[PDB]
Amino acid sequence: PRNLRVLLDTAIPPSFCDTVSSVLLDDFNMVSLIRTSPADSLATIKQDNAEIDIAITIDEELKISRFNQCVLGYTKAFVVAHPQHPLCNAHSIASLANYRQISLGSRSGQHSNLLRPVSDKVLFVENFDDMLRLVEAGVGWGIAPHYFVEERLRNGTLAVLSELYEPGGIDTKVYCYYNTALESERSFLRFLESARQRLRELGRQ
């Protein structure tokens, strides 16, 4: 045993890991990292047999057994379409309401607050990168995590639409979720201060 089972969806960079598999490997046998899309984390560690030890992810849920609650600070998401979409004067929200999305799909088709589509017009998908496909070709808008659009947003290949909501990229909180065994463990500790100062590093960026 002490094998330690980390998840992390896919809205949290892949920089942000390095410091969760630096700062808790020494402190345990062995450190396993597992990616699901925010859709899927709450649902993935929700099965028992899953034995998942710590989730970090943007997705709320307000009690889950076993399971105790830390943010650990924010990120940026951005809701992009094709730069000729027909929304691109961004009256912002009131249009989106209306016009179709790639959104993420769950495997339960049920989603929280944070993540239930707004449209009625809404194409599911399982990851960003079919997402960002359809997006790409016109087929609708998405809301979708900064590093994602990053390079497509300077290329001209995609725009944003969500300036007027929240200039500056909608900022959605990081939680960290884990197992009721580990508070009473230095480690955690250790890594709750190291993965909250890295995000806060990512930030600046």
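Here, rigid core means the biggest group of C-alpha atoms that superpose within 1.5 Å across both forms. Residue numbers count along the first chain shown, from 1. First, how it differs from the form deposited in another entry.
- After superposition on the rigid core, the C-alpha displacement between the two forms reaches 2 Å or more for just one residue among 26, 151, 48, 171, namely 26.
- Relative to the superposed rigid core, residue 7 undergoes a CA displacement smaller than 2 Å between the two forms.
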Contents of the next structure:
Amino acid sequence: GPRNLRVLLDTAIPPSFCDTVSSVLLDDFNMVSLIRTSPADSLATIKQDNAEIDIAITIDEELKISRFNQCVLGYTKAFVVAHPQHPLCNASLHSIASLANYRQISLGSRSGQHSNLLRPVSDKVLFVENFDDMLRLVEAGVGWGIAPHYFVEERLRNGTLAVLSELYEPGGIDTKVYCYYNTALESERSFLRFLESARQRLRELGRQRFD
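Next up, the form deposited in another entry, please; the one we just looked at was the form deposited in one PDB entry.
Partners and other molecules omitted; one chain follows.
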């Protein structure tokens, strides 16, 4: 419970999003400790009763977890990228099958079983533990991948990466960011104050890109 709030935030949440969630927690709760995992292992980690994790902020959806409630905290944007001379830039156009005929570089779990959300499309798949690794193989020409905006922002501008999804969803694949909280927190007014403020600031931050 609040004694030591332990919060897990996956690596697809962007720094701005994280640092915002941090402010509000430290403002409403009074011991806070943070854990980071790739989206692969968010839900796995919180399910081990071992990990005593009170709140978890992740893009991965599991409709109902044992001890945990689900709400939607905000949104974030992810891009299909490849190397500029990759063949899927050759093609002007893409469907989700033009892709599955090529090597996808995909996040993997320590388990090896995958959410519907993080399920690879292709069967030409190759698997990596984190996004830096993923981007290293994409950058070298090995396949395509699905990464957060903030991880490919710089390299897209620089031309060292290309984007295949702008026809699919101009601006980015909008990905909900779920907040899974413990039952203990249901009752807590502080957690409800935290939802209010975080939502409101994440909203401000997110709408603020259109200035």
